[PDB]
Amino acid sequence: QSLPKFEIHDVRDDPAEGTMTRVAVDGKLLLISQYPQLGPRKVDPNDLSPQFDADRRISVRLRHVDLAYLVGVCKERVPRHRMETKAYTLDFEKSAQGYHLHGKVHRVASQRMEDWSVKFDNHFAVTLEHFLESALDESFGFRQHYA
Amino acid sequence: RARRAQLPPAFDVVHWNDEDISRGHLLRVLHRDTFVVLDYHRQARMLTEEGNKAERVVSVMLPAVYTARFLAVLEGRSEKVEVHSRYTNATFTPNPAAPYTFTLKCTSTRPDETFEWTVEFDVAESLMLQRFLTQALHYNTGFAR
RNA sequence: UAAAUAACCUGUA
RNA sequence: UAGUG
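Line order of the protein sequences matches chains V and U. All residue numbers for the first sequence refer to the UniProt record's numbering, where the first residue is 27 and numbers rise by one. Residues 65 to 175, 188 to 221, numbered by the UniProt record's numbering, are exactly what the second sequence covers, in order.
A few of these clues could be false.
Straight-line distance between alpha carbons at most 30 Å, and here's what the computed DSBU-like set of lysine-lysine pairs gives [to be verified]: (1) V:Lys31 to V:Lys101; (2) U:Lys169 to V:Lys101; (3) V:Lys31 to V:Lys120; (4) U:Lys144 to V:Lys101; (5) V:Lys112 to U:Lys117; (6) U:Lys169 to U:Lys144.
Simulated from the structure, these hints should not be mistaken for lab results.
Construct the entire structure; sequences and hints are all you get.
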């Protein structure tokens with residue numbers, strides 16, 4: 027919102043295949059989310075309409091102990107982490123080209139568990155590693171407490 | 065978040081068991097004024113009902129000097145650390161089972189009954205603490221100034 | 001351009 | 001053994 031985060035804006039010419047994946051974290055909670063692409067690619071820098079669909083959006087709030095497990099994987103401390111809750115069933119494994127987060131998640135205003143899978147490769151795996159190793163260290167409230 | 069600001073940086077290692085409340089505990093690992101403080105909480109009621117799930121049992125206050133020692137273990141250098149006070153006799157060591165995991169076994173008294193307990197640390201909960209401590213020591217040495 | 005259906009409060013000694 | 005915003 028005015029949180030630590032990084033988004034990957036993948037917009038295609040085929041509106042059905044573009045997405046905006048956002049990874050941000052509030053304190054000890056990581057929020058992984060993805061909205062689909064709403065129709066065509068905007069082309070007017072002045073056009074302030076929605077480019078991604080906030081209604082078919084995928085949102086998943088993870089636990090604090092999870093954020094930890096995720097780093098594990100990045101550090102090979104755990105081959106693959108599998109979390110399970112009411113709204114989704116995901117896995118996060120290391121790949122020779124990056125990371126893979128997948129499972130069956132579910133969009134807002136839905137109850138239709140759909141097969142899902144997002145990937146972080148090359149220069150994006152990097153980006154993601156730094157965000158995670160950082161979320162954790164700052165997830166304890168030391169910086170704010172001493173400020 | 066107005067409250068989590070002015071409060072003890074801390075991180076809880078959770079192990080509830082509504083199935084068999086004979087293994088229900090919640091440790092808050094906090095750092096209060098150069099104090100790595102452990103609060104082993106016990107489960108007195110289930111997740112499914114309303115109320116205060118956890119109930120605080122014994123509070124082990126750890127002195128600043130310990131961080132480096134505990135870390136010396138979490139980092140694979142020492143094979144164990146010992147704590148001691150008129151109220152506790154606890155131990156943290158590498159759990160032989162799986163690598164990167166650790167066990168904390170504290171045998172506390174209470175005013188003479190020995191309350192003992194034991195909290196395991198999975199490869200992630202270990203990494204959890206591992207960072208929590210590095211941070212403190214970090215600020216303790218006063219780098220944040 | 002978020003996310004969304006309420007309750008893991010501390011000190012004191 | 002004990003008590004409170």
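Status of each hint after checking the structure:
1. With a CA separation close to 21 Å, the supplied pair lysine 31 (chain V) and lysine 101 (chain V) stays within the 30 Å bound.
2. Taking the CA atoms of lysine 169 (chain U) and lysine 101 (chain V), the gap is about 27 Å. The hint holds against a cut of 30 Å.
3. Among the hinted pairs, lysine 31 (chain V) with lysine 120 (chain V) is consistent with the structure: their alpha-carbon atoms are about 21 Å apart, no more than 30 Å.
4. Pair hint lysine 144 (chain U) plus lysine 101 (chain V) holds up; C-alpha atoms about 23 Å apart against a cutoff of 30 Å.
5. Distance restraint check for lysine 112 (chain V) and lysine 117 (chain U): the Cα-Cα separation of roughly 20 Å lies within the 30 Å cut-off, and the hinted pair is therefore satisfied.
6. Between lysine 169 (chain U) and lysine 144 (chain U), the direct Cα distance comes to roughly 11 Å. Compliance with the 30 Å bound is thereby established for this hinted pair.
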